[PDB]
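The other protein chains are all here in position, but one chain of the complex has been omitted.
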Amino acid sequence: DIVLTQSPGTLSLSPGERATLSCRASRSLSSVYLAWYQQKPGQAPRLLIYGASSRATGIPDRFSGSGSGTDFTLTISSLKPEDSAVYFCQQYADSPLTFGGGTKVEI
Amino acid sequence: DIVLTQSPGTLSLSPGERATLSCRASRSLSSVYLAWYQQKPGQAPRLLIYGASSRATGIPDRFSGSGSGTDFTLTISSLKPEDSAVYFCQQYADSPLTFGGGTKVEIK
Amino acid sequence: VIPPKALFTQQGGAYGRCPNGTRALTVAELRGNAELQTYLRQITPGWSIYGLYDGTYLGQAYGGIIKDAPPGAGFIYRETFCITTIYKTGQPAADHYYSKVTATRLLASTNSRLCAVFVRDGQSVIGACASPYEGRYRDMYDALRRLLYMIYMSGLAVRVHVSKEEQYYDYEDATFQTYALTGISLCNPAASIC
Amino acid sequence: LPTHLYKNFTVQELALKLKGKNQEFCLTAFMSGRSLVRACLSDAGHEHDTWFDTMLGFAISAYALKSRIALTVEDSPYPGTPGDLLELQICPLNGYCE
Amino acid sequence: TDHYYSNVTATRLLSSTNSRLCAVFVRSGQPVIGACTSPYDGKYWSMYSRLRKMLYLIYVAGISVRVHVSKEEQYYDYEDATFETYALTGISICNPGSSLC
Amino acid sequence: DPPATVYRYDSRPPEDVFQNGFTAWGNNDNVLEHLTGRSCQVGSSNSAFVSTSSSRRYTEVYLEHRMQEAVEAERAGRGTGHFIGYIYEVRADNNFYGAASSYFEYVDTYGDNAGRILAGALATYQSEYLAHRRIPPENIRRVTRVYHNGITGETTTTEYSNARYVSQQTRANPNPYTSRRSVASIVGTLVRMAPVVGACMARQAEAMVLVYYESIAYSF
Amino acid sequence: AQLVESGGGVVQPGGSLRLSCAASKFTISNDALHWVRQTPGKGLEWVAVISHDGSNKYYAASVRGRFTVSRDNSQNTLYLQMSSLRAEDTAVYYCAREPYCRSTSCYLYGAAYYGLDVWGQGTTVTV
Amino acid sequence: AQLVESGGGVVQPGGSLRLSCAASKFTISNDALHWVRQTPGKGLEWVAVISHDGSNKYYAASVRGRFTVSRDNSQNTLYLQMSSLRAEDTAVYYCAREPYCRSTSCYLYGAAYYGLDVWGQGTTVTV
Amino acid sequence: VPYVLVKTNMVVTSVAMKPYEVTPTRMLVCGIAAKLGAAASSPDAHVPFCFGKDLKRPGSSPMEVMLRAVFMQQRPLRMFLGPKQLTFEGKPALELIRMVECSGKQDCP
Partner (left out) sequence: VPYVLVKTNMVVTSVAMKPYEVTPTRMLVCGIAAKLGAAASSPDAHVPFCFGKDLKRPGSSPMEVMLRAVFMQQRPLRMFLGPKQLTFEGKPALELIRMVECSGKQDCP
């Protein structure tokens, strides 16, 4: 029963700027129970950063996590044109696997 | 264990007077659970009044009851010589069906 | 709740002693069941007086009337209207739960269910009935009577689990539904129960 | 079978033992002035029955509530030996038996 | 072979699935003896139902009692224990300096 | 939502309460000790709180059952069958602290194991409010007399009006009380039976039989 | 409505006696019955009661476990069985019929109490 | 790692459905599987989880009783049995494979979390 | 005549259990109930009740758990006494067939 709210509603940034995506949790979850997904329009989501201080397989280094607490952020270094998708933050520190609202980043 | 007491004891009354008997209890009894009996010398008693308000089928209309509570009285009014006997009062408001001492009426 | 007419006992109890598993019918419930009142018309004979929990239902010769009375006034007559307290609703079994409740108003017949009324903020919510003699959760009665007793001694908020496959009408003039109990969970706000 | 009826008595001792194959629980009743009352119901052919288990919870409840109890007991043939307990009654709480 | 330990209080309860429920009996803080009951296995197996009631009461109220054990059964349920543990023959609540117990 | 009126059962006549009021027995103001009963038991009654309640129904039920003790004791030949009971009304100023609220704070900041479940489970069922130091006579407004006579079996209820009462706009302090950690070896919550009533509520009214609540909370 | 009150009394302090009530004309299966004793010293005292089907039986304090009551509807008779009689059992034993209370005691149900009205001549039992 | 998500969803509210997951390269006998629905309005929501041997199977609050999960590791398939579907069941159902937890939940044990990383094309279910 | 009596506003003031003389395989759980606030003159000031308990089936019966619960809480009940009679301390007692708690004034006048 933990609700994740992404306060960035929708971003349109330059193809070289830095984007920060905040994920606010209802309770203070630990850092090792977080993940970030990317849903380009027309396919199922793919993991970007699980355990925010750690990356997944087959992903560029431009994606970075943040620290623990109640607020967490995803950092993208250089927004290449291929990075126009909807980004989620999930949780697993409690039994229901709750996903975030979905922050849409379009270029 | 309700003890019924008939205080008058032995009564000596003329064949024309009115007979009054008193039966009192240590605790209040409902009016429906008290009766009176007549024990002529030598035989078994037969009930005169039950519930202090009505008579048995064969009882003549000369005996009446009284009010409820801890005081109960029976009145004979006209007193033929046939009615010389010993009268008891019985309660059935609890488990022990307790009778009373009995009052002996004598006719001179 | 108005019990359906299917629970009417074919051979009613005598002198208020309804058979085990049945209960006396109140005049309010008879007044609310139009089918039951119509059904009684063809079974009650003339000048025959039958007793209910509150009052009496006299014969069809008088016109088939219901007369209210204090409890025990209708028990003296011979036939007493009694209804079975078990009914098969047909709804599939599911884990229905009610949170922030407290056990109140216990009830239990001889070979029948131990039951309680779970109340939140004053108003009744649901009743849960458990028996070790009949039902589908019979084997689990002994484990629940100990937790029910603990939450009745002290008014601790619990979450009551009920199964709707069996509906129970043990209570009289009940404005709430009573079902079969399927577990009690003391609620901790930090654990996300209440 | 001389049986005595005791009223207005409070449990002080509640001892569960092992005497032979069967078992027993001996409880003691105390009044302000009267002598000590000792009694204990034991398994006597009640192996399949649950008669011992039912009353054992009552005497423990009587000790927890620290309330007056009214026991009926048949005195032992030998002095100093507790009698057999047959019926146990708990008087109204914070009150006395009639 | 019945041995008792008077003036004991019940603390440090142990319980494991499908096995014995135990209790450590302490005198003036320092433990003196431990006991166990079990309805599945054990010499005094039939006594659990009659003795879980007394075992619960003595623990919740913290009253001084007497414990009856038999060294015919030795249990090692307590890890790194400095005290022995046996089976529970019975629990007795008796006055100090009393004749019954 | 703190209550504006609190109640208290007592047996003292109104002509004596209205001139002196109540008074805490001792200076020990440990919150858990009071709600458990260690500070209202015989020989250790030193609680700094006088016990009240926010539910008049709970105070009537205690009266409604203290009446039956007179009836029961009359049959046993230990009484006369009569009963004179009193239910007071006190307006809560900024010295009345809740019991359920204060117990939770004591547990939530001094460790979960520092307090018993039934100690705070009883305050909720009691709706009890603790009054520190004393309840002044100005805080008492009306007392409800109850007369029961065993001969007739009729109860007469009369309500008197205080003369020293000073009407103000006050309420119970919503902030829970802060007390030092309990140093005594608390064994269990002491409760008076028939019905279950806390040790401090029951004992301050007027030897009592006080039973640990846990010993009876589970049926043997 | 007549009763014969069979049974005669002479018994040593340990013996047992079986007294019999017998209904002459009226049927007895639908009414309760009582035994009442009359000692010239202490007055009339209540002995025992019995219901119509035998479901309910109650005795007095002095004969609570000693005496016993039985009823046989085949012969329309009522019996009383005695355990060992001490010296206090010397009295005359009577038979009573509480008319309409099939159950033993009508005081619980709140029903009206109708009193006896049929006693037998009595039998003298002494030790 | 390919999943086909066979079956299609068009069923009247009182009916039943049975979806299928079929892996392609990774063997299904040693990985936990999740179902996640994507409501266009309410976003992504979790449906159910299943363990590798089938011991632990946890569902969501809304689909606690109506939905059912099952596996057949011999044929490398994962099934979801669907009971009476209301209007809120309309979503796109996916197949998710949690990498390093052969049991349903890893947060209980304090183990580190690896999030899914395998998803199917998805099947559309409407009522 | 024997008939079932329904009582109101009664609290259980005493509880007991005794061996049933009629049958060795059953067991009687008796008690005393009193009307709340009634005087001695009323017949409801002291009513005895008894209900049978089977000694072969373990566990507390549904009747006993309430009679345990409503005893130390001193709650009012609505007892369906009768129509059968049991023995309690020699004095007759009315058998208990159904017990319901008191919701308020509406059902417990």
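Think of it as A, B, C, D, E, F, G, H and I in the order they're written, each chain with its own count starting at 1.
Keep in mind that, in the parts below, a contact is a pair of C-beta atoms (placed from the backbone, for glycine too) under 8 Å apart; a residue touches a chain by one contact, two chains touch by 3 or more.
Undergrad: List the residues of chain A that touch the chain left out of this view.
TA: Counting over the whole complex, chain A touches the hidden chain at residues 27-30, 93-96.
Undergrad: Touching residues of chain C against the unshown chain: what are they?
TA: For chain C, the residues touching the absent chain are 137, 139-140, 142-144, 146-147, 159, 161, 182-188, 190-193.
Undergrad: I need the residue numbers on chain E that touch the omitted chain, in ascending order.
TA: 11-17, 19-21, 37-39, 48-49, 52, 55-56, 59-60, 78, 80
We adopt the following convention: only the chains that are shown with their structure count from here on.
Undergrad: What is the distance in Å between the mean C-alpha positions of chain D and chain F?
TA: Each chain's C-alpha centroid was found; their separation is 35 Å.
Undergrad: Return the distance between the CA-based centres of chain C and chain I, expressed in whole Å.
TA: The separation of the two C-alpha centroids amounts to 20 Å.
Undergrad: For chain B, give me the residues that contact two or more of the other chains.
TA: In chain B, residues 93-96 touch at least two other chains, as defined above.
Undergrad: Considering chain I alone, which of its residues make contact with at least two other chains?
TA: In chain I, the residues touching two or more other chains are 1-3, 5, 13, 40-41, 43, 46, 57-58, 60, 65, 68-69, 72-74, 82-83, 90-92.
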